[PDB]
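Consider the single chain below, provided in structure tokens and representing the form deposited in one PDB entry.
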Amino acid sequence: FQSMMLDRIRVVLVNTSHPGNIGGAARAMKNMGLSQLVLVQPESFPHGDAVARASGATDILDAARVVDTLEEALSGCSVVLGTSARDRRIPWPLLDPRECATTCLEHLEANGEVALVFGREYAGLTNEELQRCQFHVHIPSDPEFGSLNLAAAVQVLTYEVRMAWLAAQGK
């Protein structure tokens, strides 16, 4: 199963401070066909704001796994891609969201499990967290005002994943 492939994209939110962003991320995942959410040390979860921003994606919140470390969140993944909003001076392969989606599909088609890792509001992932990833993904943005809202960033990546998944089906 085709739609079922999308369940093997593991969205990992690292140390999210605003519970509204957890809900927003779940909504962004559900409206692209994704469903697997993992939270590393969220600051406030469960929370009413996550439920409200999920706007019906409460199934994803209820099935979300909450873990103490990024290592636990990445267990069993065939590849890990971390997002970066700025030059991090780490020489890892740097992908745009379209290239990220191509890499994701390649793994999903090979029965892999892909982690897409998002960091804290503003600060992003730490260097150590980025070093744990095999690829870095950057959403091209205005360098004068470069970091997107966490849920909006999840939406951009999940949208590209769905665009690649549709294209592979001749759709």
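Under this definition, the rigid core comprises the largest set of C-alpha atoms superposing within 1.5 Å between the forms. Residue numbers count along the first chain shown, from 1. First, how it differs from the form deposited in another entry.
With the core held fixed between these two forms, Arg86 has its Cα displaced by at least 2 Å.
Moving from the form deposited in one PDB entry to the form deposited in another entry:
Coming up is the bare chain, nothing alongside it.
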């Protein structure tokens, strides 16, 4: 039942450009106990580079749901949290990954379904896409430098989820 809670976190990758990042995201999810991958218009999928980077997490790629729109990806979700490479200081406040993990686990209560949405490598999420997320998540990084790699960003968020999930069990 504790492990099954993590099955209800849907990782949504929006219009991923590099197939290697899809595999890297699948590996990061598998390493943390997550399994539900959804791809919105992936540029190149399936692809040998996604299999290669998955390094054993090919099961996640095999069960991945490929959809045309973010709206279809989010169907049935209780709450949606998004992370994008483009996030200007206008509309909403940003959660850090630790607070994102807390939000995720509380929303998994009572059979809740949580979506963790990741934007395109450079282009992030569009304004329309961002409006579909009730929470916006930002990984604190050096503001002088570049965005985190997509698979690295999935690893950070999922790692925080696991840490919070382990702490609740006294583990």
